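Partial complex: the chains shown occupy the same locations as in the complete assembly.
Think of it as A and B in the order they're written, each chain with its own count starting at 1.
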């Protein structure tokens, strides 16, 4: 599900699913 | 950046995991 264009809340959801317990950081200007 | 690599272009698991903690 990861090898596509992932924009906006879709990208954030993918990070959530992939990173799991670790959590993640979302920075759209860097 | 994550938007340029995964929204403007096709994402990858490698790219995504670079943003896990």
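Methods note: a contact is a pair of C-beta atoms (placed from the backbone, for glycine too) under 8 Å apart; a residue touches a chain by one contact, two chains touch by 3 or more.
Protein chain copy numbers for the full complex, given in the shown labels, come to A x2, B x2.
The criterion applied here is as follows: only the chains that are shown with their structure count from here on.
The residues of chain A lying in touch with chain B in their complex are 2-8, 11, 14-15, 18-19, 22-30. Across the complex, chain B meets chain A through its residues 1-3, 6-13, 16-17, 19-21.
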